[PDB]
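Next comes just one chain, in structure tokens: the form deposited without this ligand.
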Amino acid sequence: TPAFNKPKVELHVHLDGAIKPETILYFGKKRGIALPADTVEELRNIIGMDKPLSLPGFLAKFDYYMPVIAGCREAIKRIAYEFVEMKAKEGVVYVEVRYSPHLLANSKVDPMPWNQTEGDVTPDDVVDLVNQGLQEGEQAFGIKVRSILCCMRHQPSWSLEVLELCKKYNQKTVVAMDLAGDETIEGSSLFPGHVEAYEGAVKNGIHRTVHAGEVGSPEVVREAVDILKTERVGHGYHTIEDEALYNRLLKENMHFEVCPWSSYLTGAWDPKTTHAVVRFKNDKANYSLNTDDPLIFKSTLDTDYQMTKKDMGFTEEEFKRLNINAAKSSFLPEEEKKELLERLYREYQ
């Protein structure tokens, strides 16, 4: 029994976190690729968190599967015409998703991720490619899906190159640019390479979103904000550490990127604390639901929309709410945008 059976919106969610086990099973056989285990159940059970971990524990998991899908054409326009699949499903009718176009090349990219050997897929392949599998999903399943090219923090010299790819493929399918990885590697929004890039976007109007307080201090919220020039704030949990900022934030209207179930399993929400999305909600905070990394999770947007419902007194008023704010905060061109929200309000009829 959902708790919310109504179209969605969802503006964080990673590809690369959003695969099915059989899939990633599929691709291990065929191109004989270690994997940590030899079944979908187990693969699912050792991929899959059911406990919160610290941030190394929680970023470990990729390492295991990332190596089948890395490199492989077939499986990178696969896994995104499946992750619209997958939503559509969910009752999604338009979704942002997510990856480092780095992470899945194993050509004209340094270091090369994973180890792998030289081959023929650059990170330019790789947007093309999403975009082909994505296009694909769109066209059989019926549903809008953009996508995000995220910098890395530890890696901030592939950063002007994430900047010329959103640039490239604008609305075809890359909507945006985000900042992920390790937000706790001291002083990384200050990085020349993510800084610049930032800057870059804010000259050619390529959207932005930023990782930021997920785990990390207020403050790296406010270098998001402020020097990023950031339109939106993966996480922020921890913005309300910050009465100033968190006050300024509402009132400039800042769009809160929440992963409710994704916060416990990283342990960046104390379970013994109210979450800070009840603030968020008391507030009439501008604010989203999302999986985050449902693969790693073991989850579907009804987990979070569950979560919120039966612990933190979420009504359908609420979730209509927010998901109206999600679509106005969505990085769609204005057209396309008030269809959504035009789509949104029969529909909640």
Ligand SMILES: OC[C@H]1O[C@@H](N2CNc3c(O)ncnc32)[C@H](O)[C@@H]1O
Second form
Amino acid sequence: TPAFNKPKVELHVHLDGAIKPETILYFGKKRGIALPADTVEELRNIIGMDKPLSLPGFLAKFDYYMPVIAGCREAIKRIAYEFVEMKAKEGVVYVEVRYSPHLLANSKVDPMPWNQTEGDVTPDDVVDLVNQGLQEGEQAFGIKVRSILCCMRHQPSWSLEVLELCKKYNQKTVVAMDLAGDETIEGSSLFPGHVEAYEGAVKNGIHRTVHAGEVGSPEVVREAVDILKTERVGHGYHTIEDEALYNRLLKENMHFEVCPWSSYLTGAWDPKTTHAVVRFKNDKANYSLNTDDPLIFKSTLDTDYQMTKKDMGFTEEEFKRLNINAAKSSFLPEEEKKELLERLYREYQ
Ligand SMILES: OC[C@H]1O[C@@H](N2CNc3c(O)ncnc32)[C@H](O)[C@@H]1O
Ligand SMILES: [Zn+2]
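Now show the form solved in complex with this ligand, given that the preceding structure was the form deposited without this ligand.
Full complex below, order starting with the chain above.
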């Protein structure tokens, strides 16, 4: 009984937010770095979330383990290879992982992250490491996996570099650019750095996706679509507040990377109101189901499917339909995208 026992497509999930508590414990002791706990169980209760907190409160959880990974090549390549394994077990045939290359490096990064000590793992180096562990997992488990480099809202100076990384690793797993981080930061979507990086992505052919509407107003989503020129909208739950902007995005067939369990734990979705995804399922909108950060939300792709099934009354037909759309909205090249749609239709028969 796993809600939807059929191939799936995940377009929204962060690598640094989907690491096995066991691997975190392994590198914590191997490098001698402190950890909130010394047990996979207790470490799960410290990093994991039980009740709804907030976007700034959920983002702090990363501080507990990111230092144990960042800086180590062996750890960056391993978490990428294990990520594929996880997705292969959940029944996901195609996936798009996203992460901030700068948050995992300890060299050539202005504001050094996690108070690290200068080393040699450059940002361009973490993109290559992740490409290797992701490619190895593809041959060992049998699933297609592409990546997405993120732009941190609070750090616009890194953006232009994220764009160059997308151009250099184009198709070599990297298929797009994203803007994640603290959406509560006022005007973080208009910071010249971000705006310039997305302007170059539009003229260079780099795909785009922007975290918006998760906790901000409809104006933020409007800026990601009009000024940043996104091809997708991470979350976008608050878009319905602006009837005009929502119906316009509904006509343009804008994709909405939805994350149900995540919106409840971050406060992005008030539990006393109907979830936006319900309105999406009713309006036949383009959207996909995702996990966002399984490690911190103590969840699995099935969690979200079981949440929409029991609550919100989602049917298998809707599951096959929202997955066919995710495959159509994926940043795969035409040929590969056709192959994906050919496989799903064959398995959905
Ligand atoms: O994975 C890249 C970065 O994006 C941020 N993430 C993760 N999850 C997440 C959420 O969906 N909303 C906004 N930003 C997010 C984390 O800060 C992480 O370090
Ligand atoms: Zn996200």
